[PDB]
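**Q** Between the sequences and the hints, there should be enough to build the whole structure, so can you do that?
Spelled out, the chains give:
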Amino acid sequence: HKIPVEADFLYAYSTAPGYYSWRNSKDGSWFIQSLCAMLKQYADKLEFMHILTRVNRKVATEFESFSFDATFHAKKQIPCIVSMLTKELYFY
Amino acid sequence: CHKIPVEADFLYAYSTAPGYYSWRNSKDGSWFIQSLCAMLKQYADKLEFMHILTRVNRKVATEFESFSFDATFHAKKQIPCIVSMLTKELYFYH
Amino acid sequence: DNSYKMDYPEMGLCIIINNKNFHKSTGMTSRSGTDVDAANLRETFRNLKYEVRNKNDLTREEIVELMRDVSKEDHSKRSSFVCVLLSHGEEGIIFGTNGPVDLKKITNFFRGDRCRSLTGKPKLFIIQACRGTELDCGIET
Amino acid sequence: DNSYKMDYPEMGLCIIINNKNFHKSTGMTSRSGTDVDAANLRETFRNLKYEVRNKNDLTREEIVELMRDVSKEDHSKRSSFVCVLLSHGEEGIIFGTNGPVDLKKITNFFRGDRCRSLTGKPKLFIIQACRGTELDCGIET
Amino acid sequence: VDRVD
Amino acid sequence: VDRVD
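Chains as they are written, first to last, in PDB author numbering: chain B, 185 to 276; chain D, 184 to 277; chain C, 34 to 174; chain A, 34 to 174; chain F, 2 to 6; chain G, 2 to 6.
Worth double-checking, as some hints may not be accurate.
Restricting the straight-line Cα-Cα distance to at most 30 Å, the calculated cross-link-like pairs of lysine-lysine (DSSO-like) are [to be verified]:
(1) C:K57 <-> C:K110
(2) D:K242 <-> A:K53
(3) B:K210 <-> A:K82
(4) B:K271 <-> D:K242
These are calculated hints, taken from the structure and not from any lab test.
**A** Set out below in structure tokens:
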């Protein structure tokens, strides 16, 4: 009985492959802000992948960049959950 | 006044980890697709999709190991790779 | 708003691209066993109420044409979209019968701004293909 | 059998690597706001009963040495492992204060065959860093 | 202010 | 036989 050496890893990336990730100088990064808010709200109620799905929705819907440079203004972000987990993860 | 990212609401269910080969049996089919169909048949009316795919990960990781007369390719393992940009839970049942 | 609306009139399309036989110029082996996968997938997703379309041995030009056409259909009455790719691959790449195409070229057709009748709806890509040449030696538990 | 065992005596470590200030030679901007992130993560994982270790402004050599050392600890009594990386980045890459290091080099220390006391346990990597230079224009809802 | 990583 | 894709 063996398991893959790459099994049981989860990579919670702040942004999709190839993309910038956004940070606010006063509030922190969009992703970590949202991750901490969702863990606080749901870590005693939801499986971790469902918590991270709520993080995805929060980053996707509640943030949009502000820039004087039109190149960087009004931009959006979706995080990227990469799961090689083999079981459900509950913090309670 | 409200936008979503153009990359939002995609799910990529990859058969294997980044950088790795993916294994297929010449008569039974690929390890991943065999397992995906088995877990959808068993769980699509019971479990959210990410939880179904987690059972697929466990099935591929535990129940399959390659055979080869070439030692380079023998006794190897595989883990699939779920890549979610979904913003909501996905149920096939109501 | 925690779960996707899946009670639209139709579940959606399930497109299965099954590449078994490759042109000699690719140097790629025939993928024995992939027909078993394709038939298993067709039955599985039909039982999930998808409209399943099976395609076999498409060139990379035909894959791109098919995917673009599918993305320009009206998915307004559909809950979701599923695409299954069965082929050779490398990291970020799947093979048409006549050579590689970037996965991003295929999925880009379904971007929220390019497939407006799927915006807000789940778009699932299931990829059976290699992502490189590493092998996992495993560990005994 | 469907859920990881999380009733070991300890939840596990939460390593937070918080890189804010970068060497002139990298040309990298100072990451205003990352201290807010690090404090938020410290409190959040404290409430989840993780042993949080905050590290600030580590070179790439110091990142690698830290991960190597943490992977050599006896995690037998711990349920899981969490590592948070806050820095600049590119696809597959995280920045030390003095330059880039491959994420794979960091995560390989915890592979099932190289950190045996974490075999079978969830190993979570939380990465706040860029993955390239693309911008998402979004689409109106 | 908003900045990229 | 087991084959890689």
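**Q** Run through the hints listed earlier and report the numbers of any the structure violates, in increasing order.
**A** 1, 2
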